[PDB]
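A single chain comes next, written as structure tokens; it is the form solved without its partner chain.
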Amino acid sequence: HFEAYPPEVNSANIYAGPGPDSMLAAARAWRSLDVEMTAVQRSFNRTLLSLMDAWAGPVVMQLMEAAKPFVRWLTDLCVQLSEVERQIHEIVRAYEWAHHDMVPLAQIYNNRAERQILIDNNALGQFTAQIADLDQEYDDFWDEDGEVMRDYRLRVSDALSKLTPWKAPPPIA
């Protein structure tokens, strides 16, 4: 896919953005969300218990039974919340690796520049082998950017696949 792009494009694209601060901020947000909802979970169970021992009756036990699927759902929700920060960190890490491993624009430009210079002076054919060397290096740049972008896509797709779709809560009434 990205192997159809020249390294000039693949390298430029990975260097252009604002960086991962936006994602890391989101990660800190999901963690706090996880903390808050865990406390919400505790408070919901303390309420049910506090209602049971205060006024134990047929009406209350019915309500206690009706809420059992919801406390179950709440547990699943909290588990799912604690998962998000970890997967965002995996995505950020993947990006950081892609950024680090991509062929720097300076190296690509210098290759193309050096190749043109040799070509400009190759009427006698003494630089043909070296020009071949530079074309090989550029082809390597091309394939390397392709591989880096391939691994990036794979790592991000893996991380996103661990983010289960949210399920709607069951009624208590």
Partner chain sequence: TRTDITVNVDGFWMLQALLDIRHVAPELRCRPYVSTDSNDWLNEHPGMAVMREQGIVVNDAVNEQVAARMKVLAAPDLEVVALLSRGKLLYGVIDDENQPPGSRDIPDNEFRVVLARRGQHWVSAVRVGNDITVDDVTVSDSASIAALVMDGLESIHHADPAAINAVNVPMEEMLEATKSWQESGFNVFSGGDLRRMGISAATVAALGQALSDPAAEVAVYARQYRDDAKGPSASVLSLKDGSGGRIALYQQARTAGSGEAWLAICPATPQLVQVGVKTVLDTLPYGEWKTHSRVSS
The other form holds:
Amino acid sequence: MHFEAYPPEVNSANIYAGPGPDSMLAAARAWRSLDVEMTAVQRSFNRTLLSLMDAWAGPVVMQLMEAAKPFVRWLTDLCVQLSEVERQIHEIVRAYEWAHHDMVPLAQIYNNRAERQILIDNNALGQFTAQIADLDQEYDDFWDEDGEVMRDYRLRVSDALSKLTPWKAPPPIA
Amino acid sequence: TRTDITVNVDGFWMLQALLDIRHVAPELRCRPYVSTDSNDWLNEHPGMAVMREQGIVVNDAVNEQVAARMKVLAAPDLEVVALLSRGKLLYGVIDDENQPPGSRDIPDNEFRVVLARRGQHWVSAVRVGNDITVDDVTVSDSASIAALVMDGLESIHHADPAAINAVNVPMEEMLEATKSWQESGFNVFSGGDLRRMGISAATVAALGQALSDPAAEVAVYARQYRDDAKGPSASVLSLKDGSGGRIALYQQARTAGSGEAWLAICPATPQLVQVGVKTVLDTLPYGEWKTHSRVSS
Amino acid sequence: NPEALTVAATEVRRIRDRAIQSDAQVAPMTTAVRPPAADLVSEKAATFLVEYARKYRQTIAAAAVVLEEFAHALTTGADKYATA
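Having seen the form solved without its partner chain, I'd like the form deposited with its partner chain bound now, please.
Let us now look at the entire complex, which starts with that chain.
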């Protein structure tokens, strides 16, 4: 969406709160293990098939091979998809680290408003008015900046997720 | 007949989005526009339809003249701002606990005028309440600007110039004395410090009243842009209507060798107001205001 | 050659057990993902990954069903050809 719909306090506080990337990183690890195991699974399956093909090599076994072909393809594709997950999770964690880093620190915002208020209190003669306007422009710049950061964050995450395609149901062997 | 245009804050934002304008003067107090990968994500929603009916938007395109004025607001060479208020000028501050962070509201008693000049083109943007009116405005000399300001202020409240002897007083000394005087709520009995500075009793009284309980206030200041940078006018003209009449407060420009600044406390007489506007325009950082442009080469 | 079908059935069931076991033991990690921050983007990513994990688990369950039926078929063929 458009995150400039929200003030710097919201975008900054939002990106700075939360538990952090750890649970994602753990998930990445897990997805890697899966990627390994299932690859092994694939390799065993195709070995087993071959073994059968070697042991009998009759028309019946060839029929079985033809029957199991779509499941073999499916298992292969499954492994290909599995290999992507860790990659994309790390892309996402990266995107988060960069958003977290590029976002305007809350203290700079707070400081802006505080300085503005100090000028207001002292403005009885009106001579600080332009400076107050300047501080307002700086605040708007924080607004815009957080906007851009959240835009890029969204785009990166979106691009990463787009690469994780839907799991498909395995075909029957028959 | 009439070339003026009026939109609310969101309508102005839709204009920004269509014309790809990141920001305008902070005094207008809109929200920024950040371009995403899709501008169809603000869609056509009814805020746009209203503008289609007003001739502001033709098809998916903005009206050409309006687009030009918005261009002027987007990247002006010169900006001239006036903050006007009925009663005390709060400079955008609304004291409420329910005001959201980065609220785009302005105080009900307040309205702000931004005169932008891009090239030879002058465009007015007036923010009253939640409404912004953009139009063409004619400006030539300091006096004409002073005229626009005076009209705007007189429409809020009518006041005759205070009767006082105009005087120049050292800036920071005046700030300190005024800051101490503010603690007593500008009581005329507590104005001994200002009387020591050589300010007349009548001036201390009229100023005391103007600061204590103004009927209407105006703050006029300017901004100049060059290349990547920008700067504010060193001086600000402040009109304040007290029960003892209207007062003008503006600093005189510093010497080439500088060393200190002077604050001018004057009656609101049109001559002195022309002077105030002229000094505000002459305290700008880059060159003369009238002919300047932000492009160096 | 019935004994070959028997062997193959055994191997298929082993493979199934491996798939199930690997799904199960890392399931707590893949489905525990939290958004790194409180923003909408972080939430979208975490939710997507949790749902993706869950759907994967479903997919694996289905694959286990398919495998078990395959092994059953191999056993059946083995008995059929052994009686002959």
